[PDB]
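Shown here is one chain on its own, the form deposited in one PDB entry, set out as structure tokens.
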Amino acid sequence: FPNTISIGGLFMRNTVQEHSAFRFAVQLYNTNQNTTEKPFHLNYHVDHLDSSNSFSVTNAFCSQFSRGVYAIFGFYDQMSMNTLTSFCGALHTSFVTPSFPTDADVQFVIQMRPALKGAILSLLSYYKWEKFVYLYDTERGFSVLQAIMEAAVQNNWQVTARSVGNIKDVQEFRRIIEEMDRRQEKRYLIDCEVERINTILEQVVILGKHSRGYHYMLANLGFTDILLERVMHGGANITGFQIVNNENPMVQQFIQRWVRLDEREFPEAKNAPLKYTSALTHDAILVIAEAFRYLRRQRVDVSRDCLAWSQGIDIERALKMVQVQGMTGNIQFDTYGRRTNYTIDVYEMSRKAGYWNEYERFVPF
């Protein structure tokens, strides 16, 4: 079993904090002196990439592949997802990611972020929504949209859906909101990226739709990065979802060290709030370390030019069989690398209103 396990790191635009979290989590692993928790050194090589270009994506993947890595941690968007994950799959290198999960049956991808659709549909039912507005972008795929369409008639949901991910002129958001008001819509499900959600909620406040009698359900696990204070102060209801629990001691002990890091070596640790994707980045290193510790205890042989490895299968299986407690709670996977047996906490405005899991569905406090 090698003394050093090397992993790749594939970072994109807008992942600076996660890159700091990645370096910090690797440091936390390596500086443990308990040699049962640290029986090998963890090394990485980072590449930064532009997703919109196959050349940059393929180049970064190939740079890691030729270097010899036992797994790749990284990020994708809609443009790069298939490129990156299909490369990993073809070469049997496991990709561990905090990026949006897929519905698709895919191999060699460990999807750290749990699916949100179940929790959304349970809360729509719990609140007895019938008429509602569905504002969405497609940057996290179509899983939520499809689940709503499958269930709508059977739940009597009358969904006015508006695709908003291509809107550049904020006046277009304003006209949609105005149109929805003339149809007496009070309830909005917003399935967008955090930055987009913030833009939409500012338009809500500008138009005065942030009073009592309106309800915004924000379908994004990035709840703590949403600027919703101004909406809350007007009296409208807000519902949100999180997978990081501030009362979890692992979260508390990470945060206490994290906020004290040097801003020069760890940008965005000290000023910016911790993104849930940075928590998932920490949790990715936990999963990788556990899998490789498992392989070593079982005496599995891990061994080790991209365009011109059956130890890959063993690594993938070891990754998917982990059961660990992380900043994002209980971490386990199914055979497609999807989180299973996870919990989503549900927030109302600023308190925790209940929780959601796959077996109990939504349980209100």
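Shifts are known only where both forms have a C-alpha. Positions refer to the first chain, counted from 1. Basically, rigid core = biggest C-alpha set you can superpose within 1.5 Å across the two forms. Compared with the form deposited in another entry:
- Comparing the two forms between the two forms on the rigid core, the single residue of 325, 340, 30, 52 with a CA shift of 2 Å or greater is 52.
- Relative to the superposed core, shifted segments between the two forms, defined as three or more consecutive residues with every Cα moved by 2 Å or more, span 50 to 55, 153 to 156.
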Contents of the next structure:
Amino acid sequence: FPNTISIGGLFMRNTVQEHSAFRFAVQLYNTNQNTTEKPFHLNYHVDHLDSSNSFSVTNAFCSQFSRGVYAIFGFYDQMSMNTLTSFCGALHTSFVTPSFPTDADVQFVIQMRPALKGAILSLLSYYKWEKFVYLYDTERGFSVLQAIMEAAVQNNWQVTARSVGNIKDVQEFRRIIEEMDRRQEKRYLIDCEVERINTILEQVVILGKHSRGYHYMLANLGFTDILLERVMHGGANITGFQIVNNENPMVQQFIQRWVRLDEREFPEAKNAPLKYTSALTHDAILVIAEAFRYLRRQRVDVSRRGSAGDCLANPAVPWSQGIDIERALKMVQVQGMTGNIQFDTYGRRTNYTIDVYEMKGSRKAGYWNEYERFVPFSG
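Output the form deposited in another entry next; the form deposited in one PDB entry has already been displayed.
We keep it simple here and write out only the one chain, dropping partners and molecules.
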């Protein structure tokens, strides 16, 4: 077994905090004195993409592949996702990611982020929503939109569905809200990026639709980054979702070290709000460490220096160690900042919990999992 496992790191715009969390998680792994928990040194090579288009991501992937990596940690978006998954699948190189979980059943992609559609559908069921506005962007895929459309057919819902991801001028959000208010619409499912959710809710408050007869369901796991103060005060209902419980030992342990870091070494740690994607990043390093510790114990061949040669070698002959690496990543069960971490055969999170919040401050109202569905607490 090698002395060093080196991984790739593919970071995009707007992953500053995650990048700090990545480096800190690897430093937590490497500074452990217990040699049973730290039997190899973890190394990384990071590439920062000024943009995440297919050309730049292919370029980064290939140089990482050539330098020698045993797996790649990183981020994709709608523009880069297909290229990455296709290259990982052809070359048997495992990508581990906190990005939106993919639409397709794919190989060699470990998807740290749990799917949200099931929790969304259970809560629409619990609140008995049959008529509502659905505002969405496509930055996290089409899973939710497809699920909403399909559930509308099964349950005879009236969904007014409006794509909002291309709206640049805030007066268009105002026009949409005013038209829906004229149709007596009181229920909004917002399936957008956090920053777009913030834009929309500022318009809700400007127009006084943050009062008691309105209910905003926020379909985004970055609930704690959404600006909800002005909305709480008006009296509207708010429903949100999270995957981080700040009372779990793993989280209290991370946070007390994280708040002490020098911001010159770890930008956006210290007092900045911790994004769930940064917890997912930490969790990725737990998964990677566990898998390689597993491979060591079982005396499985992982190769001397990792991947080698040309990503556009023709024919493409995948290294033989790739399949065993993938299986080791996919079989882990660990407790992380985002709770119980396990994966199915397509690298989707399984046997996970989502915590459900409603507004008053904000209180946890219940939890959701795949087997129990939505479980509300007393009250």
